[PDB]
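Participant: Chain by chain, the residues run as shown.
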Amino acid sequence: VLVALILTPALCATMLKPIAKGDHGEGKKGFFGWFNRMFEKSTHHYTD
Amino acid sequence: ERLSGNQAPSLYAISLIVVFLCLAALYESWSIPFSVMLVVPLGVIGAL
Amino acid sequence: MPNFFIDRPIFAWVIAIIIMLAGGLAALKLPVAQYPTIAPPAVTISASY
Amino acid sequence: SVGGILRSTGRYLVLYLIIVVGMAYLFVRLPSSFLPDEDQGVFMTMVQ
Ligand SMILES: CCCCCCCCCCCCO[C@@H]1O[C@H](CO)[C@@H](O[C@H]2O[C@H](CO)[C@@H](O)[C@H](O)[C@H]2O)[C@H](O)[C@H]1O
Ligand SMILES: CCCCCCCCCC[N+](C)(C)[O-]
Ligand SMILES: CCCCCCCCCCCC
Ligand SMILES: CCCCCCCCCCCC
Ligand SMILES: CCCCCCCCCCCC
Ligand SMILES: CCCCCCCCCC
Ligand SMILES: CCCCCC
Ligand SMILES: CCCCCC
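Protein chains in written order, with the numbering used here: chain A, 1 to 48; chain B, 1 to 48; chain C, 1 to 49; chain D, 1 to 48.
In case anyone wonders, no lab produced these hints; they're calculated from the structure.
Please note: incorrect hints may appear among the correct ones.
Unchecked claim - Derived DEER-like restraints, expressed as beta-carbon distance ranges:
1. B:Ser15 / A:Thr47: 52 to 62 Å
2. B:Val19 / C:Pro2: 20 to 30 Å
3. B:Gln7 / C:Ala42: 30 to 40 Å
Even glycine gets a Cβ: it sits at the ideal position worked out from N, Cα and C.
Only chain A is shown next, with the shape it has when bound in the complex:
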């Protein structure tokens, strides 16, 4: 919890890339594109 309150916020703010509004990694190609499509689909199944 100390790392998540001290270091993790500092790393997220500095060394994390900007994600464009709308992008949920569905646009990505290869395996991760399929996993993001599958997961965003399963998230809708789950909520409903």
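Chain A is fixed; fit chains B, C and D with the ligands onto it per the hints.
Facilitator: Chains B, C and D with the ligands in isolation, oriented as in the chain A frame:
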């Protein structure tokens, strides 16, 4: 005398490194710490 | 506290490196064993007739 | 004086490296001990 001996450089090495890090936190700079740490010889020369 | 270290990432890194150095140095000079002392202590009186 | 020193820089970088080499020299030649052998108003003579 046999059971260990001369762990002084070992401990004064990490002493410099922790002083460096603490100063790095004080000034929020990886470089400004050196402006302080270079005075170490100025005291030691007169003692010697 | 998080807002503080978002602006001060080097301070945040310094706390992490000191913890790791403190740990790494402690880890080298820790005892090693399978278990701690778990068996209860016992005293034996030995006599002979 | 310092205003003048900050126009020089390179001259005083050499003075510093001389002081460090001077410090380094004196440290190696200076013999080491643990604790001074003090007069305690008493001593013993062994006869064997
Ligand atoms: C006693 C211990 C011996 C170890 C060394 C200790 C440090 C030396 C003691 C401080 C003396 C500094 O003295 C100071 O020197 C600088 C030059 O270097 C002079 O500065 C002068 O020359 C420089 C360039 O050469 C010009 O840019 C400057 O405008 C001019 O005033 C100062 O006018 C003088 O007051
Ligand atoms: C392992 C403990 C680390 C101590 C962290 C010190 C937090 C200082 C931040 C002060 N403040 C709450 C005002 O931001
Ligand atoms: C133990 C190694 C510490 C590394 C610190 C690196 C600090 C830079 C953060 C990344 C910048 C993009
Ligand atoms: C982890 C994703 C959960 C998916 C839940 C799907 C359930 C659908 C069944 C509908 C039956 C009426
Ligand atoms: C520098 C890396 C430290 C972390 C590894 C600790 C291993 C401890 C070994 C036990 C020696 C008695
Ligand atoms: C564009 C390449 C697509 C790769 C498909 C990933 C494998 C699917 C695993 C079920
Ligand atoms: C260890 C708990 C920290 C709480 C700070 C808000
Ligand atoms: C904000 C101070 C928290 C202290 C953690 C031990």
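Participant: Run every hint past the structure and note whether it holds.
Facilitator: Hints, one by one, checked against the model:
1. B:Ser15 / A:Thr47: 52 to 62 Å: holds, 56 Å
2. B:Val19 / C:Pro2: 20 to 30 Å: holds, 27 Å
3. B:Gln7 / C:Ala42: 30 to 40 Å: holds, 38 Å
Every hint from the earlier list agrees with this structure, and none is contradicted.
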